[PDB]
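Participant: Letter by letter, the chains look like this.
There are 6 protein chains.
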Amino acid sequence: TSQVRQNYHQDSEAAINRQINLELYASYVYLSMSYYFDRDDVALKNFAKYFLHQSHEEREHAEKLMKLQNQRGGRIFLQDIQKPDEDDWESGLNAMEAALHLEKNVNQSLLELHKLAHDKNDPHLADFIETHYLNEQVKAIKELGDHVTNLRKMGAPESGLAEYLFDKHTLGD
Amino acid sequence: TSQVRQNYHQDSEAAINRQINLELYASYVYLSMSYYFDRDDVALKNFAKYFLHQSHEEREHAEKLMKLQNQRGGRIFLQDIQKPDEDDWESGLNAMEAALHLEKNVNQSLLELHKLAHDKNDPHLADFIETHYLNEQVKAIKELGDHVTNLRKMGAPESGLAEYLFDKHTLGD
Amino acid sequence: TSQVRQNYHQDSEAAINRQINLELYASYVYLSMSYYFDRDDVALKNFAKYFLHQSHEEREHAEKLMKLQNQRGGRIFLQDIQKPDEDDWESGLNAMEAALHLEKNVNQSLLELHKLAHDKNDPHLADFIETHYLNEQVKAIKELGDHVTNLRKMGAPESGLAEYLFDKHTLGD
Amino acid sequence: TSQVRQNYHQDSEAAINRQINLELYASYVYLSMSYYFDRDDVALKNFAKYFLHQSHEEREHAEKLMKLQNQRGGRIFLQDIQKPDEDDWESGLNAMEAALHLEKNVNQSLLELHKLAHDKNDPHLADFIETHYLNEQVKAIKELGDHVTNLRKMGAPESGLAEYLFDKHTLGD
Amino acid sequence: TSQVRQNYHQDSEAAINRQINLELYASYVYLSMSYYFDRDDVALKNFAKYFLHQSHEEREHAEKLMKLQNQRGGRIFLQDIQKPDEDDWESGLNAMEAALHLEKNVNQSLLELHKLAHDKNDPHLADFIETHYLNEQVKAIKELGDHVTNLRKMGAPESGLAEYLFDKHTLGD
Amino acid sequence: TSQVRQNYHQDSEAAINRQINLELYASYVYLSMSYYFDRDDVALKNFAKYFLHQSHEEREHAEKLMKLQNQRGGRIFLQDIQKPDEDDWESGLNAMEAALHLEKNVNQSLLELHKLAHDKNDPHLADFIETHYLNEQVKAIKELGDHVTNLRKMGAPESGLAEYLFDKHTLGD
Ligand SMILES: O=C(NO)c1ccc(C(=O)NO)o1
Ligand SMILES: O=C(NO)c1ccc(C(=O)NO)o1
Ligand code: NA
Ligand code: NA
Ligand code: NI
Ligand code: NI
Ligand code: NI
Ligand code: NI
Ligand code: NI
Ligand code: NI
Ligand code: NI
Ligand code: NI
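From first to last, the protein sequence lines stand for chains A, B, C, D, E and F.
To convert a position in the first sequence, counted from 1, into the deposited numbering, add 4.
To convert a position in the second sequence, counted from 1, into the deposited numbering, add 4.
To convert a position in the third sequence, counted from 1, into the deposited numbering, add 4.
To convert a position in the fourth sequence, counted from 1, into the deposited numbering, add 4.
To convert a position in the fifth sequence, counted from 1, into the deposited numbering, add 4.
To convert a position in the sixth sequence, counted from 1, into the deposited numbering, add 4.
Source of the hints: derived by calculation from the structure; they are not laboratory data.
Ideal placement from N, C-alpha and C gives every residue a C-beta, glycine not left out.
Worth double-checking, as some hints may not be accurate.
Said to hold, decoys possible - Below, computed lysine-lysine pairings styled on BS3-like, alpha-carbon distance capped at 25 angstroms:
| # | chain 1 | residue 1 | chain 2 | residue 2 |
| --- | --- | --- | --- | --- |
| 1 | F | 157 | F | 146 |
| 2 | B | 157 | A | 53 |
| 3 | E | 68 | F | 87 |
Said to hold, decoys possible - To list a few chain B residues with every Cβ distance to chain C over 12 angstroms, as calculated:
| # | residue |
| --- | --- |
| 4 | 6 |
| 5 | 7 |
| 6 | 28 |
| 7 | 31 |
| 8 | 38 |
| 9 | 60 |
| 10 | 67 |
| 11 | 73 |
| 12 | 74 |
| 13 | 75 |
| 14 | 104 |
| 15 | 109 |
| 16 | 120 |
| 17 | 156 |
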């Protein structure tokens, strides 16, 4: 067993490995959505930028977790990364709703991880989640919610005008 | 015969002269479209800027080819430049669709030129096309396609609002 | 009829369209001459620069006229652009003499246009010609005349030395 | 079918989708190796930096291909990303040899893709591979080969001294 | 066999070694011509500069090829470098004509190398030639052709005045 | 006979031509060694840099001599440049020992040239050797000797560790 390990339960170690896989999956989902808005029959440059940025942020989530794992003494075990549910996201509104759903999923997974960490009385891991992950998910969900509300009040996804204007006036700057 | 000529088939020379004429024709077409959007009963300043820029780019395409011709030892033979098909382009959407069609035309002509160059085992001419022309046409077509898709999703050419907003939010910056 | 049109006779409109075509033709002629001096069996870099610059200046002449047309309420009607008289200009001296002739041609066409403008009592169009075109042609003709005189006093086109030195000492800087 | 598609064979489209998946797989492999050198019982910071950089470069390979796909008119179809062959890479030397093998694999896949592109007479796609991928793989293989040779001449993986010094004197700067 | 070798035919390897030798030979020829214009009974400083620069450029051609060879897995085999055909180049015009001939020779050798590379379906080597060698030879030949034409139209090599003026007005700046 | 010649014995002229050939040969030898350390199965970047620099320095030795020759009134006569003795230099230590031997050879040739120059009472040529060549060879030999001693005291060429560390700690900076 690793010389640095201390107060690191194997249940925690397994949760960390699962969370790593999930963050990588989310990165894959966001990559999918981004290049779906790059298509010549969708053509929403700023939606594409937005989801590409979110993809890279989830990738950094994963890497932060892997470094945490090696720091505590656990061992990283990588699994396959599943293909996203869809290859075609229909609209900007629907991609936003999907992203909101995905982030609520990852949030619940993190909440159960923090619960397991408090239960195995691992306060350092509990605070690592408290600091680097919980509030980022709260912000991400509130932001996606704002986006969904605005796109809806504009008549998306019926009005193609709505998505075109949103792309310019919100996801530009 | 010119002292510099080497491995330059006369079939290639004829193709180059034809491509020169075609690039000049395209420049004329884009000039037409540009000043059609300058009209007081159309009045789309940014459409006008866009097609004027594209006109000058095609002019430089032609000049690059003429310099290539003199470099290989061929001789430039200029022909008349035909008037564009139309004097009135109806709308911004229709001008975009016409431009997309014209660029697919010039692309197919360039592809047949590259084929002829590979067949007469003229690798320098093949790579000149590979480098300075093929990818520029791929980019131009994808861009015009984006423009057509967006203008359509906004309700062009019915909605005059759509073309007015596109002119400002996409062809401005 | 266009909402901006005022005091713009249709005879003037036709003259403007013809002058546009002629300026474009001249641009084509200068393009021809330029790349004739780019040939490996002529090889006069500064002659080439000179006629390329003159080509682009005539192109701007045309565009200025097209904008004038749309400003007055007329409608631009583009015609074919004829191939230059020659594909081979023999020498620097002969190209200069041809250019002088072409500019005297375009000058006479502009003078008849100004006459028509004064006759249809269109003072704005008369002054547009007075300002942006007449004096430029006077300068261009005097300059080409200087060039022809110098090239002749040097023994062009017999002396190839003469054209080589002129290219360096006059068309360089 | 997409409005921009021209001369893009569906066999090419399938090859592109497969190459995208493979570049993503390679990125996953390099991520694995990197965080294997982050372990407290391996502890080779510069090996870790090296393979993390290579991971991000392969990720950009994938994204470049996805943008190419949307540009030509094809449609991106994402598949699962397989877990790397190993979870434990034994040594710096063995990780280098594995990386060399993986890059020879991806190189052969790209070579067969270029062959298919030349056969379906798709010169733009052939040159896209020629430019953005072939030489990068030649460089990567020669570099990994240098690394393997040096690590071997130093007595890796027996001598832990060898890997420690290589980490500092080659992968530092 | 070298660990990096992949898709590198031994016929290609032999062609590369021969091309290395030929580029070195050309460098030797240009060195010869340069210091022939340094002689007190020729005394053409700018001709000398010109051919010395061209000598060093051919030397870099050779070195680029040697690095390519080691990159693909081949092995560099150096041969003797033959003395130039002449020790006395008669005139500036004759040196230029000789240089034009030599560059057409090396161009044909490179063209046959590119043919062999396309035939052994080595696209990376084909593109290495396409990029770093073919167009440089096209430019070099067109430039030498310009020089020969100008020197001839000035009455070289009879007129010593012609070569003296060319040295100053073309090979200076 | 050349108008500038004064006190320049033909025996000296022949010695100069031979020394030119020898400096060029040495440049070829150093080029060989350099790209031998570029091989993926040798891979000593700094050895490669070192011998490439030495190659270019010998090339400048040759050119300095050729300019000296034209200055005194002699005539440069170029001969073939022989291939180096070896195509494979075994190790860094052995390349260093070979280079030391080659520089002692060229030094003895220069010493006999200075002797011939003092004997034909050519003090300018004697001092040209004294200044631009003798001390450079003394420095080069002492430096190569230092290198050989250090590589030996480190256990080269047995210890591959020794050559790897020398490459970094001495030939880097
Ligand atoms: O917050 C707690 N530990 O940190 C906790 C959870 C349940 C209990 C308990 O058993 N109360 O009776 O305590
Ligand atoms: O056999 C052939 N046609 O029937 C053939 C000759 C050369 C090529 C070719 O261009 N390969 O890349 O193909
Ligand atoms: Na290419
Ligand atoms: Na006035
Ligand atoms: Ni996340
Ligand atoms: Ni509690
Ligand atoms: Ni074009
Ligand atoms: Ni004009
Ligand atoms: Ni890759
Ligand atoms: Ni060369
Ligand atoms: Ni082929
Ligand atoms: Ni020397």
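Participant: Each of the hints needs a verdict: does it hold here or not?
Facilitator: Hints and how they fare:
no., hint, verdict
1, F:157 x F:146, "holds, 17 angstroms"
2, B:157 x A:53, "holds, 20 angstroms"
3, E:68 x F:87, "holds, 19 angstroms"
4, 6, "violated, 6 angstroms"
5, 7, "violated, 6 angstroms"
6, 28, "violated, 8 angstroms"
7, 31, "violated, 10 angstroms"
8, 38, "violated, 9 angstroms"
9, 60, "violated, 9 angstroms"
10, 67, "violated, 8 angstroms"
11, 73, "violated, 8 angstroms"
12, 74, "violated, 5 angstroms"
13, 75, "violated, 8 angstroms"
14, 104, "holds, 21 angstroms"
15, 109, "holds, 18 angstroms"
16, 120, "holds, 22 angstroms"
17, 156, "holds, 28 angstroms"
Checked against the numbered hints given earlier, the structure breaks hints 4, 5, 6, 7, 8, 9, 10, 11, 12, 13 and satisfies all the rest.
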